[PDB]
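4 protein chains.
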Amino acid sequence: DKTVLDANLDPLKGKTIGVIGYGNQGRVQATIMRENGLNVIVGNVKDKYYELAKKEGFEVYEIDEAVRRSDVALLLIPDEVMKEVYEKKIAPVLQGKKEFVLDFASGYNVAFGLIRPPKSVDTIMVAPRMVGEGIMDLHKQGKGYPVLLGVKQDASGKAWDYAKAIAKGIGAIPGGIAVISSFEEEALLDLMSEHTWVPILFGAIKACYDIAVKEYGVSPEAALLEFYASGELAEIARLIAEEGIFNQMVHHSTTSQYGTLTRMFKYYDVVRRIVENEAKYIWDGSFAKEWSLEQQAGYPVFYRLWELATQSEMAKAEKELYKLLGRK
Amino acid sequence: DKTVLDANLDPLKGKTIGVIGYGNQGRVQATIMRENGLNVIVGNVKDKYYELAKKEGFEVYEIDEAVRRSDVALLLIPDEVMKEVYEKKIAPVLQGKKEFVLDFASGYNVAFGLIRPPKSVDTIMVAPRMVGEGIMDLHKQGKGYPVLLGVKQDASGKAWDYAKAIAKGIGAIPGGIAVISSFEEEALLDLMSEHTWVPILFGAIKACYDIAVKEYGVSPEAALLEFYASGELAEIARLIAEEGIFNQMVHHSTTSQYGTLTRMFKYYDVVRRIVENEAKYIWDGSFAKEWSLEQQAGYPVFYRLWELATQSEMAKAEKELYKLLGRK
Amino acid sequence: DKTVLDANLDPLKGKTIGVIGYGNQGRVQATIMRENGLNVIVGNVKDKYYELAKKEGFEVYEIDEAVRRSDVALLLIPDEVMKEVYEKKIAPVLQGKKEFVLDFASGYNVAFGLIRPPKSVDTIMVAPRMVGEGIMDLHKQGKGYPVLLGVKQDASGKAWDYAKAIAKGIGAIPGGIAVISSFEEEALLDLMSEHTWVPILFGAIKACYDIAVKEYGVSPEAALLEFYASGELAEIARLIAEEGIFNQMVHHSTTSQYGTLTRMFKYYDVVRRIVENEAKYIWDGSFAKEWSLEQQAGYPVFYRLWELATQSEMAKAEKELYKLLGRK
Amino acid sequence: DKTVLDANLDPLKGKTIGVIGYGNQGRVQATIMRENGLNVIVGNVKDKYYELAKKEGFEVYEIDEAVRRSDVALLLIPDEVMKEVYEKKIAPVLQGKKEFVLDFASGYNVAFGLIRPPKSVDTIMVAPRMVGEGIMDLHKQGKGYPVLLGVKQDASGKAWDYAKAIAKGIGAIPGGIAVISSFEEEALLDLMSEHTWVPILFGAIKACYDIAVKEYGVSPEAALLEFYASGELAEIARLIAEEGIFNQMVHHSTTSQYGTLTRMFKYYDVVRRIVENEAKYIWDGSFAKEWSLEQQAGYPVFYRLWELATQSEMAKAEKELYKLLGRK
Ligand SMILES: [Mg+2]
Ligand SMILES: [Mg+2]
Ligand SMILES: [Mg+2]
Ligand SMILES: [Mg+2]
Ligand SMILES: [Mg+2]
Ligand SMILES: [Mg+2]
Ligand SMILES: [Mg+2]
Ligand SMILES: [Mg+2]
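Those sequence lines, one after another, are chains I, J, G and B. First residue of the first sequence: 2, per PDB author numbering; consecutive thereafter. First residue of the second sequence: 2, per PDB author numbering; consecutive thereafter. First residue of the third sequence: 2, per PDB author numbering; consecutive thereafter. First residue of the fourth sequence: 2, per PDB author numbering; consecutive thereafter.
These aren't lab readings, by the way, just hints derived from the structure by calculation. Treat each hint with caution, since some may be false.
[To be verified] Using C-beta positions, here's what the derived DEER-type ranges look like:
hint	chain 1	residue 1	chain 2	residue 2	range
1	J	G58	G	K99	37 to 45 Å
2	J	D285	G	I206	38 to 46 Å
3	G	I206	J	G218	37 to 45 Å
4	B	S313	I	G97	58 to 66 Å
5	B	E295	G	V271	15 to 23 Å
6	J	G218	G	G24	21 to 29 Å
7	J	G218	B	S194	34 to 42 Å
8	I	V132	J	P175	55 to 63 Å
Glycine included, each C-beta is placed from N, C-alpha and C at the ideal position.
Throw the hints in and build the complete structure from the sequences for me.
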């Protein structure tokens, strides 16, 4: 298939590697790939993480310097600040290179052209599908985990080899898998979730609360229990991740199965339309524009919506309640 | 408020109590309330659970006999079979009673008139909001848990007292809480979830998969990882149950927050309409009719939909994958 | 291709075979497969057909007994009564079996779950496409005829072999063909005809009559002649079955060809919509529910519609006329 | 009620106060509150107003210095330039403070998060409802005037006291009143006027002119007289402010009253829809984004619309006319 389960580690042996950022991701990948016998350094600004990383036994330099000494670099920082960092500190040093490899964990800034490296550079991606805390939770067991691979620019005919070597170095395989894809697909996927079923779910819950309270005389303290204040949803999610999404429902009552299936097949087109609209809005590059402009304006809509959500009735009731149950 | 946190246990002391059914619920409530010093018996047909219950130290009789000996009874069996049991075995013995108390965990069959006990009987409800496994997980810690209370028929002016005494007996308070409500509200709530946001969520996920695969050239093995094959959703659910639904999003990236909030406020009316329609369909008693008739016909729609869901492309891909990851 | 033209008869030799029902189908298949050298018995209730079958040289037992003695059984009875018969008389005997084969001529009751045999049984289908009278009309000539094959449950890895052996035993091949399909496809097809073009045709004819009479001053005795009282339609149908549907029109006038083709391509979408709606209504299992419930209610709609059709003006005129022409 | 008519002046006595800006507002408030016995300084850049303020007897420093010396500050400058000034000159000095008070006359930049002061600061608002010229026109008479109060951040439990002390210091009470509200309400109100009835009025007038001229053969010189070139509207406005909006109409003819009332109740929903749309557009923070982005782009739409309005036919005719009447 398109799938990979283990591969070689030939190309990274003898080369120096630089990890930009020491947050959750960078810390994890760096620690692991050091355990796998690789000369590793760190590039970060002098702050909390700087002291932490030098404490854990890493030689720490400044970013631009870390790139000078390195033949391979991992740009593990938020997608909201990477642009300026790349423009000021990296791109110069990079114009003054010969054969370099640049790896990302997200394809947002590259899929949309906000970062356009030269042609003397191999541009790749290695994107996990885990929070990062669980990833150590799994490496201690010798387990692997899944990732996505992508190549944007091959100037060596060796990019895929580097990508698989990296996947092995951070301990995703063997034990997990590695799928080959594009920068575009990764961005599309990471965003379609955040735009389609998460907000839909939240809005449906909120609407159920509002309706029950204002049209059937229900007490808030009960609506909250039924809808989300119980750990009902987490159990469903676990059974989904373990047994399967549909086989999960065998553990429930026939009444529930019937209602769920009927109403699912009844409302499938409505949401399909929405998903089409949003995926198209993304594929074109409109959302990136929207978001960048909001940053340039000062995050007013963000602010107002954060306010409106927290000053809603449901949230106040939830506050009173969580206080009563002792939940912090 | 409408809320209760602890109460007396005066009325159940000296009286005999019968637990109909020894599934998850009955087993739990029976064991606990026996620990709290109450003369308890069991009424069940001779099967697996019969041997189990007599093994665990319970004197087991037959249902009708268990009702003759009892002054209080808990009808803890599925809502799909309770009707016949009540008609044949219970109602007769019950016509031959003087002062009786009948408790339910679900208000479906009573809210809709499928079970109409006499007026010489106090009819009440005590409905938890926990799977049942977690309930023992909490009693061992001396903790409580939430429940709903309701009264349909008071022939003694003491029903609420009995209900609170019961809530205490099974170990929901103190430690948890007890809300007072109707049979109608409990049914409405239990059903609105199964009809509004669960199926909507599932359909949205399925639509995202289909779209990504058939319009943007994505590989199935990646769509599944992004959407639900990762334990992403369970972590969200936990943070919701613990920190709150909206405060949960602070742990994510600003991009995600922005997209989520915007698209949530953008699609709130659409789902509100759906929720209105379904809640109205329930309040009237139409769904109960639908479901009863399907039972009488032989579950053809149920069958066909179970087939169509499992024979879908997403499910086959999920099967191949879970096999690859080792997940049973 | 997916097609079969002749096959072996290995598995049925040495085994006993029971034919449930002695109507048109059962009589035919039984007689033939006896001619092909197979030990055959009959299972039926004591009525007309019982005496007929014992007369024609068949040893006749009672149904349950016929199943005890048999290793293979053909359930050739109407789809409207098979359920009770299966529940009472067959299923018990069948729980007390080891290796059994159960064959149907229709997939209605199984495709929709109204009959769910165990897993120790091989469940198959062999469905002809002939009225039954014509089938003897063809066997006397050594000819075959078409059938459909399907397998729902294989517990022996030999089901298809049994199905082909059966197809040969009843004399459908060689001489005809045998197509492999599902229970679902057979039901879908048998029903889509009865729901799409038969009623459409009838309604169009009726509308033409009504229009001609009430808006253009035509006499009934003439409308009936043009539309269906002539043997015009039967000749068209024959030429269709023989020469082909479109090549059939070469024998008509150019005017007719032109009008037919134009108006056919002009009204294709309208009927396509209808066919979609009805096929979807079937695939889901809704029509089975509808029909079962009507049976349980007492056939009121059936009754009223039979009345309205026969008490229409067209029918009365047809009666007067057929009386005049001497047609009984 | 929510209303205030006079209050104490305890907290401002002994403290130094800095007035940022010496335009109309700053000049007025500063002069007055100096008359009321308060140590007052000014912070402004060296321009016309600088010389004016030092002339009128005020010790003038530079902005950042004025904040260092002050325990209370009034940020009386346009909402279009305050952001940069706050970011560069104020925020630093303010990080280096202990207990400070910051007052605004407009809630735009704060309601929408374009200015987010720290938590060691009390953030308040005191917003008048007068042009500023009339305010001196009223103080010379010992009169007061209305204002709105708001508090965004209380770090001292004394904010409201400071706000009322300020309201008194500038001479709004006693003599006028002081209403308590939010930053959000003030912005919402200031904007809803500028978006709902002002532009509607103007467009209606323009449409009346266009219609009369191009469909009924009227001369421009007459349409202008009827619609706005007469001082008709000002008298109506005065009678509104004095006698009331509806009681104002008693001074007109019954014909006018009838037409006005009928057509008012006839077109109330249409404009209600518009007002809803615009108020919602504001509450969310969309207009702030729109306006900020237009500034960043270079005011092209602003430019083009200013041109189109002044190059319209009505404006040219008005020019010819005002020239004829001698009106400059
Ligand atoms: Mg994601
Ligand atoms: Mg993300
Ligand atoms: Mg529930
Ligand atoms: Mg339920
Ligand atoms: Mg047919
Ligand atoms: Mg048929
Ligand atoms: Mg204004
Ligand atoms: Mg203004």
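Each hint tested on the structure:
1. J/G58 to G/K99: 37 to 45 Å: holds, 42 Å
2. J/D285 to G/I206: 38 to 46 Å: holds, 42 Å
3. G/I206 to J/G218: 37 to 45 Å: Distance hint for G/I206, J/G218 is violated at roughly 51 Å.
4. B/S313 to I/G97: 58 to 66 Å: holds, 60 Å
5. B/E295 to G/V271: 15 to 23 Å: violated, 52 Å
6. J/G218 to G/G24: 21 to 29 Å: For G/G24 against J/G218, whose Cβ atoms are near 56 Å apart, the range 21 to 29 Å is violated.
7. J/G218 to B/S194: 34 to 42 Å: violated, 53 Å
8. I/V132 to J/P175: 55 to 63 Å: Since I/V132 and J/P175 have Cβ atoms about 36 Å apart, the given range 55 to 63 Å is violated.
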